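Engineer: Take a look at the letters that make up each chain.
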Amino acid sequence: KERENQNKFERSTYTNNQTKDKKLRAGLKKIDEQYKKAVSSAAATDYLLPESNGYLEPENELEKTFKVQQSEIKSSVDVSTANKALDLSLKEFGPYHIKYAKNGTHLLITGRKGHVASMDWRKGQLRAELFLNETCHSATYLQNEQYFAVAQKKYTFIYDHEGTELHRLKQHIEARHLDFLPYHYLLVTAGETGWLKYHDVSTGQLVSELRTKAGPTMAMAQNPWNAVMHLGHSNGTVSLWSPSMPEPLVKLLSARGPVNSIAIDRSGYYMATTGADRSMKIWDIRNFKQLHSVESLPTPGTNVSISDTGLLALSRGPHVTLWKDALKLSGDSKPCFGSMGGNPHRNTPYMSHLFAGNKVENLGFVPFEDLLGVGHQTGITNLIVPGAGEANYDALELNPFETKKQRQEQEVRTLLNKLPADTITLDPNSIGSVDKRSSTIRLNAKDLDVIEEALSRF
Amino acid sequence: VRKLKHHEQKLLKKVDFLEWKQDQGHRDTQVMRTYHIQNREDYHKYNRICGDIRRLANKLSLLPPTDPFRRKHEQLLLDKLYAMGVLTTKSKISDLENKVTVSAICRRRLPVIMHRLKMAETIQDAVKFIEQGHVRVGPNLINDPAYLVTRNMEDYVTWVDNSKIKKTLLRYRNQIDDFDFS
Amino acid sequence: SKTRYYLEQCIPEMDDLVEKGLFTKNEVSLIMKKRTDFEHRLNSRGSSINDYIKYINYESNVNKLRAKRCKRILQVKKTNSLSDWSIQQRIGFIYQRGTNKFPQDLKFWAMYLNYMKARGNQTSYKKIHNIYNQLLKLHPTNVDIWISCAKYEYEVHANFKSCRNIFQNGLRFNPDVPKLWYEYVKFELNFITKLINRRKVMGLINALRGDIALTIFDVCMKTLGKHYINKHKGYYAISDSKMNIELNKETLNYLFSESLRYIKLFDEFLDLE
Amino acid sequence: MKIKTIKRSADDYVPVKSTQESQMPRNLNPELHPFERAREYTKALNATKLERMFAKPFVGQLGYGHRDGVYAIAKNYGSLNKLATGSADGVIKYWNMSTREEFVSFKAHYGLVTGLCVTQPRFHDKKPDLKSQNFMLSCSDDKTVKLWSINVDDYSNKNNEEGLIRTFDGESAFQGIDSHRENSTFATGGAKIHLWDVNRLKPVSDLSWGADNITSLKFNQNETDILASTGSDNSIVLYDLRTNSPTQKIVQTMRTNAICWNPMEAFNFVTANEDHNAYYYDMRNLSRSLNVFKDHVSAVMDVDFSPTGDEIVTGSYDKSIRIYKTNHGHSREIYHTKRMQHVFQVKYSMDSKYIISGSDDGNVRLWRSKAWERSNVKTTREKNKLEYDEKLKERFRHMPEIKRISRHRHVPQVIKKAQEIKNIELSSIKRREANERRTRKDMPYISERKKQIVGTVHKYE
Amino acid sequence: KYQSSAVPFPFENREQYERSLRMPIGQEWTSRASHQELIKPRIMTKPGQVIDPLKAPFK
Amino acid sequence: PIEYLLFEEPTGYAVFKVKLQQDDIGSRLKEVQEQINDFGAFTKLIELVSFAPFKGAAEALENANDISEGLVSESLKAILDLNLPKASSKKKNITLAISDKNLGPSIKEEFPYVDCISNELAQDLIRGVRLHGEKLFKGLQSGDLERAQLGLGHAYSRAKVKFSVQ
RNA sequence: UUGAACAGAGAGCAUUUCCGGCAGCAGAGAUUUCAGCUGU
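Residue numbers (PDB author numbering), protein chains in the order written: chain 5C, 13 to 29, 36 to 466, 544 to 553; chain 5F, 2 to 183; chain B6, 2 to 207, 264 to 330; chain 5I, 1 to 159, 168 to 469; chain RQ, 841 to 899; chain 3D, 3 to 168.
There are no misleading hints in this set.
20 Å max Cα-Cα, derived SDA-like pairs, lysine to any residue:
{"id": "1", "chain 1": "5I", "residue 1": "143", "chain 2": "5I", "residue 2": "88"}
{"id": "2", "chain 1": "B6", "residue 1": "102", "chain 2": "3D", "residue 2": "140"}
{"id": "3", "chain 1": "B6", "residue 1": "102", "chain 2": "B6", "residue 2": "44"}
{"id": "4", "chain 1": "5C", "residue 1": "464", "chain 2": "5I", "residue 2": "458"}
No lab work stands behind these hints, which were simulated from the structure alone.
With the sequences and hints as input, model every part of the structure.
Structural biologist: Okay, here's the thing in structure tokens:
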């Protein structure tokens with residue numbers, strides 16, 4: 013009943029800053051008993067969890083972890099993971115924006131010149147290779163490998179599984195950043211115009227057009243927790259947006275200069291933003307505190323990414339550098355680059371790699387595996403990062419081994435339980451409650544000159 | 002996407018992944034499958050022209066019917082749209098909203114007049130021939146299918162000489178002269 | 002899914018089995034992933050009684066390892082907590098599930114009965130009675146189950162009344178195999194021999266005869282003759298009197314050969330008259 | 001340097017043999033499953049919409065009805081599918097509700113058959129054959145109570169003189185009848201309420217409070233020796249058969265059309281009366297109703313309890329029936345039909361799943377108590393989905409978007425217009441009593457549950 | 841419109857009412873046993889047999 | 003309540019135990035009428051508790067004639083006395099569902115504590131187990147049921163017509 | 001409606017009546033488990 017890992021499974025509630039009703043008293047007592055039983059029994063599943071997370075540990079004081087080479091990892095790990103660590107050398111079209119499907123089964127690469135390829139990177143099956151000879155910028159899958167949206171010269175296009183064009187969106191005028199919201203079925207679009215557009219993929223209907231009013235959108239990320247969009251502008255300002263409010267939900271002053279990249283944890287708690295002022299900044303999202311401010315990077319961080327197990331992958335051109343346990347509150351988790359004299363209270367890099375020829379275009383962790391796919395000027399490279407993936411997925415949220423029938427039925431079922439775009443709030447648990455107006459107690463309709548003293552009476 | 006069940010047809014009806022409201026019935030896709038347009042955005046760079054001529058025909062309708070600036074510019078526009086062959090006659094200015102079509106401004110393209118005067122036998126083979134570089138309007142070769150013609154140049158659409166399909170039709174009719182090198 | 006239900010029914014015993022400091026978390030995760038494999042193979046499609054048998058063998062092996070580790074770590078022979086009966090209860094439930102799914106392999110039914118009998122004082126003889134009742138309901142014609150049921154309830158419990166009831170019900174169901182007749186006359190001779198030997202013993206310390270065996274001998278001859286004349290010449294009596302007398306002679310040969318075997322294994326009961 | 005990556009191994013996740021299903025590993029992290037309020041809000045909304053499209057409650061009418069409108073119905077409390085109905089032209093019929101067809105019809109009387117019930121007649125000379133004969137008895141305004149037997153094909157044990173085994177006789181007319189659930193006894197109300205048993209041809213006892221007639225009668229179902237009756241002086245009288253006497257009566261404002269006792273609580277009953285609502289009364293304290301079920305718009309003609317005791321059905325003179333949860337006090341459901349006129353009798357079948365209504369055009373109709381509920385047997389996946397959806401609609405019940413959908417029905421034009429003028433009338437009288445209370449000194453706050461009792465014999469202390 | 845207008849009847853304040861709503865009963869968020877305990881209804885009848893009135897041990 | 007079910011068939015006798023009652027009032031409805039066609043829901047109603055197979059084609063023909071003319075044979079007596087609980091004869095008999103309204107009297111003549119039902123509910127329960135057949139029996143019979151049906155039909159017909167091969 | 005003896009079912013409910021403690025010893029089945037006496 014005690015369960016040393018309950019507070020992961022606990023659930024916050026409302027507080028005022036007991037009752038005389040017998041029936042209501044016993045009803046609330048049954049509700050508290052059921053909540054305790056449910057938390058305990060849900061937290062006892064960690065026995066049933068099949069796999070264990072990966073790691074790499076130094077076992078010596080001369081053996082630092084950032085100086086461990088990718089060939090040495092590929093020798094030290096098994097043949098299946100060594101074959102997952104792919105490398106495509108696609109030289110002639112531009113730097114390749116990488117994208118993985120939400121289970122790690124499909125890869126979607128876009129060249130800057132025109133070359134968009136959707137493929138099953140772990141078999142050898144490509145299912146779309148289309149050369150759209152205008153400058154493409156980004157792409158994403160929608161709810162499947164079966165549809166993907168590409169952001170072209172101006173218009174965003176939507177292609178089916180084999181690459182036939184389904185849609186040319188006449189809105190979404192100049193996208194540079196696309197991201198799909200999978201529980202809400204919303205393709206979110208931002209770019210050189212100062213506008214943020216939410217487009218419902220299922221109905222086909224443009225849900226929202228929002229003026230950023232801050233020029234072109236330099237970075238864009240999605241909170242996986244509550245589906246609000248963090249856009250980074252040329253002010254050094256991140257703004258958190260929802261498709262209901264025509265104003266940003268929050269505006270944070272992250273950096274000086276512009277904001278080069280944003281990444282959010284999948285728990286929706288931490289956000290790493292890199293500015294062009296050579297400054298990485300780790301942010302608390304829920305309480306909006308600034309946790310860490312790594313200033314004076316040697317060159318501006320062009321990308322950040324956060325794995326499912328909380329690694330932090332920063333990329334500064336040729337270099338990729340990953341820190342472990344950097345998204346924590348304490349000042350001993352501030353990511354350093356060296357430990358001055360061997361200080362154990364300095365978060366040196368967990369591992370680093372140098373793409374010596376080129377400058378990396380973007381970063382993306384492969385979802386349920388221990389790999390980091392970085393797309394760069396001459397194609398794709400996966401890196402075996404051992405701490406970097408949820409070993410125990412849930413197979414009824416999203417399954418890496420899913421079949422054709424399972425894809426069909428899961429598509430219909432998630433389409434059926436698509437969440438409305440109005441339910442996107444800054445916290446997800448605020449659509450069962452009562453208003454923050456409409457008084458917290460329910461109402462019971464019962465509650466619904545001594546002369547002048549004489550001259551008074553006149 | 003799954004040919005949904007009945008409680009399914011009822012629960013969500015406006016869902017349609019294939020055809021949205023702003024597709025306008027996919028008329029761009031339909032007319033470029035008809036007249037076989039190579040790249041995208043040709044439809045909309047014709048539709049901007051259609052919208053511009055109906056907008057300035059609207060504001061020429063706005064101006065009073067007596068001034069020579071208005072009447073000279075509407076007869077000039079009508080004669081230029083006759084001279085590029087978008088129309089077939091010099092009729093009413095009501096035809097500048099009834100008869101100007103993105104279809105007809107595709108009818109003046111070079112492969113479709115080629116199929117019209119039976120130089121090719123289908124518009125696809127016409128685009129085959131003019132990407133292979135066989136035809137010319139007057140002196141100069143035509144490489145792209147986006148060159149639409151005017152009303153004067155439907156008479157000098159001819160192949161080049163040394164075009165071997167011209168040589169095959171000459172030796173079909175065995176009028177094949179070879180002093181003229183084709 | 003129901004594999005999820007069974008797998009999370011398995012968790013309190015390993016709660017207790019980690020608290021009693023004999024197993025660790027990394028090895029109990031290994032026994033849970035093996036048990037996950039087995040539960041999924043059990044309640045998925047295309048299932049096999051060999052999947053059931055291998056699950057029972059795995060659960061008995063982890064029970065023996067648990068007992069060995071308990072004696073080596075805690076130096077007690079049972080912790081008197083949940084984790085010393087839960088796994089035998091699991092084996093009994095795997096047996097019950099398997100016999101409900103494939104009630105056709107008497108090898109598995111008899112492995113169930115053997116494990117349930119050999120469980121010892123912890124089981125209940127009415128729990129053995131229940132699975133004897135449903136097994137005899139499903140296989141009334143298979144006669145070795147009747148012999149085994151009556152043999153368990155006489156040669157272990159010495160319940161003469163219930164043993165007589167079992168033999169009379171079996172002879173009601175299949176009064177055609179002579180083996181059940183011979184085991185009934187064997188049981189009645191054993192019962193009357195134990196009766197007269199307890200008489201001799203009470204005499205030496207301090264009416265009801267083999268006529269029961271003779272009467273069941275008489276009805277054995279009569280009904281075995283009736284069932285052989287009904288079994289052979291099967292459909293109709295379309296046979297002339299040569300074939301009828303040939304048949305009746307052969308049934309006399311059959312029945313008299315069985316009575317020859319009756320006297321041949323009747324002589325060795327030499328403690329009664 | 002030690003090193004370990006994720007080894008997925010493909011034997012645990014995609015099965016070896018093709019005949020068996022794939023493994024579904026779970027991981028109960030809320031990080032893995034993010035939108036836990038919105039996702040089950042949308043499942044509760046899709047459950048309410050699925051209920052509003054699956055609500056097909058009309059099963060079927062049974063037989064061809066009667067000729068002159070059904071004024072009496074009685075289920076038998078031991079068999080599931082048998083039903084006796086009588087009309088205004090004196091014909092009674094016994095029904096098999098499985099095949100929806102009459103076992104037998106009977107020209108029983110000449111007037112209206114004003115009551116009928118069913119019996120297991122404890123004769124002490126004969127033995128009742130209840131496996132092949134059913135027994136219904138029935139009183140009319142031609143001063144007769146007649147007892148009939150029915151040949152029933154439900155067991156195939158046997159292989168016969170069906171109708172009218174005896175004829176009780178009164179001097180004045182009868183108006184209601186109900187049978188005791190043991191000991192050969194019944195009671196008939198009329199010009200005066202008499203008790204009878206099936207052996208004697210005359211009333212055992214006359215149990216009348218005063219010289220005011222009795223319009224309806226119900227025996228209790230447990231504590232079977234407690235009777236209740238409705239008299240046309242707007243009176244509800246309780247009788248006890250140990251003391252062989254009346255017990256206590258109350259006088260209300262308007263006339264109680266019917267009673268039914270709670271089969272699970274044994275001292276609670278529900279009255280159905282002429283101001284358009286029903287009253288849930290405790291026998292041990294009749295000074296206050298313990299519920300009022302309000303949503304009807306004309307006089308409530310008949311009420312009945314679910315055999316689970318948890319909900320009531322209530323048919324009224326506006327041509328519609330209404331089902332009420334017992335703890336709420338407003339209608340959970342309304343059933344209407346353009347063909348159904350003036351529902352005079354409603355019973356709740358012993359399955360607790362179907363509702364029998366007898367209208368006055370002639371027809372007796374079956375309905376589902378839960379409209380969206382089908383009667384097949386269910387695999388565990390669909391049974392789990394259905395009770396998950398019930399719990400989810402329950403805990404999101406009061407959200408405005410799903411409340412406006414679950415609250416929605418199509419009511420006829422006449423009932424809708426009567427409902428809205430009833431609303432503006434009630435709002436006007438609340439406005440005027442608020443003004444009068446603002447001025448005057450001592451205006452007592454009378455409860456709604458007491459606002460309909462004009463008085464009570466044997467006062468409470 | 842995704843949050844209720846006032847506090848519904850059986851509760852007295854929104855702390856009580858949101859303590860009712862604080863745990864999801866879904867398959868994805870509870871174990872299988874807890875999911876079954878949370879979704880079994882209060883009234884469970886048998887689907888084809890008669891329900892008799894209650895009888896008590898001597899009232 | 004339809005508690006037990008007796009299905010006669012050429013391989014022997016089967017006693018099933020009714021788990022869930024089907025609906026009585028909604029017995030003519032569409033879902034109730036096609037749940038006996040779906041096997042995944044019929045196995046929620048019917049469970050096999052016993053199957054006594056015959057001793058051969060001779061006892062098969064004897065029991066086919068006894069079932070045909072509505073009599074309880076000795077194998078019927080054995081399997082019913084094994085399977086049905088010793089209920090009372092005056093209060094709440096055990097309920098057996100048969101398909102033959104003139105075999106019922108022969109069953110109550112031998113077991114007075116058994117009331118027998120063959121109305122439309124027992125009829126469609128019986129035709130559910132006829133429709134599914136070999137799937138309900140879980141593998142426990144020798145001999146294919148249709149092959150025994152061919153043999154028993156030919157034997158019954160030649161007996162009824164007195165077919166002589168002389 | 002009760003009482004009596006008889007035949008039972010495994011389908012319910014208590015509670016300190018004993019056992020799931022240790023040997024010595026013979027017995028049981030295939031070197032492991034199984035079955036009772038004298039005291040802790």
